[PDB]
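Single chain ahead, written as structure tokens, the form deposited in one PDB entry.
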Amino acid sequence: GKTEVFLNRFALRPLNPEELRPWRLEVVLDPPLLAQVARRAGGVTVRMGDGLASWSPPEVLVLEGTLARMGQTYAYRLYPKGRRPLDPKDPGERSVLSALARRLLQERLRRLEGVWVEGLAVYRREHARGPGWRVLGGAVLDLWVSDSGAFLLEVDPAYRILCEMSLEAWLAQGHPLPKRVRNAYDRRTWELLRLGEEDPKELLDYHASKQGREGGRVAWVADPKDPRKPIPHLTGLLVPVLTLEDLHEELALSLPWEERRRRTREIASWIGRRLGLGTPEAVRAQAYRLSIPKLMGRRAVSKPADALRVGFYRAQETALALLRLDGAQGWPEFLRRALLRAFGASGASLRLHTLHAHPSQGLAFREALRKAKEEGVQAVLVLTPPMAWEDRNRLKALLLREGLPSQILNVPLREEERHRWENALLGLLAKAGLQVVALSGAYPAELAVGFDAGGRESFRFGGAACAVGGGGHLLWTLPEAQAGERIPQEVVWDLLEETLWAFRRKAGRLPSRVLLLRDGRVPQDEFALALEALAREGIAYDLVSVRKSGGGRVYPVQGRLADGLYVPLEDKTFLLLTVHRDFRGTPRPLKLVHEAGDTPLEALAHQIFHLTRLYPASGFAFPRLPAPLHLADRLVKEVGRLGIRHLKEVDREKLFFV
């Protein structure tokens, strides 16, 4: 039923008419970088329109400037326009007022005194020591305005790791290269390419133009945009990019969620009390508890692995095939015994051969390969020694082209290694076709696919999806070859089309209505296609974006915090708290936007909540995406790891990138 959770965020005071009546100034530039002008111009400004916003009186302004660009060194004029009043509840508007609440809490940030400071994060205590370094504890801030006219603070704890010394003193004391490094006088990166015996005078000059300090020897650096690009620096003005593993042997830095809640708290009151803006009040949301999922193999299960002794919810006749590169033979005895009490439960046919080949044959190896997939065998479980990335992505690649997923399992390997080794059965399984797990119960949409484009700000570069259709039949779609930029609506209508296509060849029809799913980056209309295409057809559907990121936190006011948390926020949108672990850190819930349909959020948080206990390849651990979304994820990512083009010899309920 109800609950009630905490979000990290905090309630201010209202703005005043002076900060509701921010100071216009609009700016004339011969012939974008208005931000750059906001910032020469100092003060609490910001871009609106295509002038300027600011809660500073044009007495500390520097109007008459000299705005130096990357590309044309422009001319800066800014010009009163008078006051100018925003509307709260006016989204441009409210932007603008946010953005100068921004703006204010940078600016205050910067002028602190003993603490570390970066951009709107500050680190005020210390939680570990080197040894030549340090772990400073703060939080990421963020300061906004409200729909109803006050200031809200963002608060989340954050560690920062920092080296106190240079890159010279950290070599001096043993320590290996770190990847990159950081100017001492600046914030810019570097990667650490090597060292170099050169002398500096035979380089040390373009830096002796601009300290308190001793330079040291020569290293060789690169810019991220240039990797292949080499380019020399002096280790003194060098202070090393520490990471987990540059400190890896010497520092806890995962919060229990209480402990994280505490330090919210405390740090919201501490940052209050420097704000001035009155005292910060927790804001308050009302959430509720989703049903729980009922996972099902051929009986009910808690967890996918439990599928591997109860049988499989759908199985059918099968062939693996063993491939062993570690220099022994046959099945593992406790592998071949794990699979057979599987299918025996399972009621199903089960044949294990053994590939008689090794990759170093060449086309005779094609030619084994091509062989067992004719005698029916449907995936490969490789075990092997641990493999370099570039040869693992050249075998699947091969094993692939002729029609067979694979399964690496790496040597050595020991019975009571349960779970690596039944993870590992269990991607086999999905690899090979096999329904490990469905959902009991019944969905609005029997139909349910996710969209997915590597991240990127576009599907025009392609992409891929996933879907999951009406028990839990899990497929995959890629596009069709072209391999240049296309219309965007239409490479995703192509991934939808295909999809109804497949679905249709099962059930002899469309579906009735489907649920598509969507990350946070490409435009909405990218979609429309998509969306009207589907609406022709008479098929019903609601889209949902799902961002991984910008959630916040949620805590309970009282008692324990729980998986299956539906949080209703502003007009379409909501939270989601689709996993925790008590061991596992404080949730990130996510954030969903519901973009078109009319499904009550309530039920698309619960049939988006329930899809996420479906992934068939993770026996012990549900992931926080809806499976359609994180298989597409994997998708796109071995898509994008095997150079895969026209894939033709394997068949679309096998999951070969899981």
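Each form is matched to the other, and the largest set of C-alpha atoms that superpose within 1.5 Å is called the rigid core. Positions refer to the first chain, counted from 1. What changes on going to the form deposited in another entry:
For the set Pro568, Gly552, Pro232, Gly376, a Cα shift of at least 2 angstroms between these two forms, after rigid core superposition, holds for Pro232 and for no other residue. The Cα shift for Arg536 between these two forms, taken after rigid core superposition, is smaller than 2 angstroms. Here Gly82 does not count as shifted, since its C-alpha moves by less than 2 Å between these two forms after the core is aligned. After superposition on the rigid core, the Cα of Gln72 moves by less than 2 Å between these two forms.
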Second form
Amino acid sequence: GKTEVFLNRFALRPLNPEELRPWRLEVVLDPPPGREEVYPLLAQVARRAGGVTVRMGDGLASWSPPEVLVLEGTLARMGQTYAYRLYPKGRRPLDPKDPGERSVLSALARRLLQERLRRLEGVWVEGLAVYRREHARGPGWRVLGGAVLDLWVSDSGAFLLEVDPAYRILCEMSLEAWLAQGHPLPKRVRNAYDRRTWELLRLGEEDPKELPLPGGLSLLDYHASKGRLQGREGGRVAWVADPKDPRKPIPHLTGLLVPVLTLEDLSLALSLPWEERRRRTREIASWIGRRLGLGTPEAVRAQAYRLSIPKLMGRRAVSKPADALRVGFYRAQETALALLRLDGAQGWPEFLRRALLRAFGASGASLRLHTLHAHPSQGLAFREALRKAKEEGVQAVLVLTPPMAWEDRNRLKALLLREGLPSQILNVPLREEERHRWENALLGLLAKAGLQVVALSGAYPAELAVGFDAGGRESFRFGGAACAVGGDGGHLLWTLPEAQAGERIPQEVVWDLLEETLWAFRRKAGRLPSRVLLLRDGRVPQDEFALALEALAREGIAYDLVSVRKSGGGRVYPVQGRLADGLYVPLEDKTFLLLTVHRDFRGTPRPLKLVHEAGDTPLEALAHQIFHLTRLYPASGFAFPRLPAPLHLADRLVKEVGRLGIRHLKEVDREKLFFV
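Which structure goes with the form deposited in another entry, now that we have seen the form deposited in one PDB entry?
A single chain, with no partners or molecules, comes next.
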């Protein structure tokens, strides 16, 4: 069904004939920069030149004449002083139709925007974000409201303003004044004298004048010598975690720290319904257009298509995965689950047992319920009891416990994993009428035991879909993959992740993970898939998939590679009527937006932005399959994830491995979704 939408973009004035002919400048650096320093040094010169100037080629493009630029100057970069001189090389017309020249024009537009926002008052400007009014406030804190903005140039050579309302949380208070108001220690804190932030561990209470530092001086006079007490009091010692040393806590002074505030530190919800968001968006667009002399905003329209609604199946039709609990699962198998109580009570709660029994009765499969009597505090004998349970056929464990600290949770999880037992935690103040929570725990539990709760019924170009992501927060990451195999997504599998330096997944790693998913399809179907759908979370780094793609071509398997971007897709509003789910909005060549999840009384949806990197499947069939796979996720009973199931799975996989470690997974079946 055809329809039309507004984007949160606004067409403004045509570029005047001066802006269409920017000045070019050649850069001469002394000494000449190295291969690694050249491109970022050019970017630095662009900023240092002043006016409105950006990198273009090996040089600069400016909307200021050279006479009002800082043409000669200095540049500090990683402890080295470069002298730069700019040589003007005339003006030259750029054409908005040539995408490269248009790209230089858009870069100049973004620069124009930042610089012109700097001259707004009295509002709070932070780069490309502006905050206009105060939304809420309290003892020592306040929440401003404004918008994040972008500016670029259209192919017809007119400005395009993107606007998205946003809130900002500010603390105009020292750590001392904050704590004196009765508030608890914030998790994060910031230097009052600079931008550097620390993680606040605790309050040391020893004397700051008798606290020696690594180097002789006491805390107090170290900060005094740097002229930081000039204007404020030192206050108490605070201990902050070393950003680059998790083992050696660092001393500091609460009088020189300022709390950084999150929602955890302050009842006011900050999302907007889409109608209100759109309204504010238009108001801010016209305000900006008028203040910056960009003209009157004209809203951009795009043709949008409504994709068919997927038909989810348990034993029979369902609308949600929680329905499989009453109606039966897609594929049931003989299962055994164990209960571990960390709360001091006895056996299975009756309603949980009843619900499990009903589910397996409807599914026509046999259920065995076990109880773990041993406690994890018993060290190795506990592992012995676990091994006895697994030996007796147990596939997963439900842990009924009071809320656990992250460290204890991770430890328990890992311990169970090492014996090949995935676990589902359910927190122990538990009421039978809290149905959503415990039913969701039951779904988690069942997916972790390797059951397939739901599947799709449609016809899709690819019968294997695989998602790739990277996770972890240390100096290294884990690159991983998860897949939905079969035309129905009838099996969900993860593969052992790999440690990598950063976000880029090595080519051979990509191929090895994919190959494992191909092999999974081989074991299920007894053949190779005719076509696979490759979903990369975020951008595809240069040639990351080249080896995998060729490898697939050598096997005669067709493919589509799709970059799935969670941000950057802007906003999508209906021109008329209600905002509905499953909107496919094509844009430029190979790219499109996809609104996958929305319901009333939520905030404004955030459409995915998708780029077809390789393959020849029509954009709409891709959009269709991705939208449908978004409904395959088994562990969320009542709300579908924004990302298609293989990517939601991959994300959670690498996240959990980044949390626990990869060393625990050797005996855990890849059909068991331990990370959900």
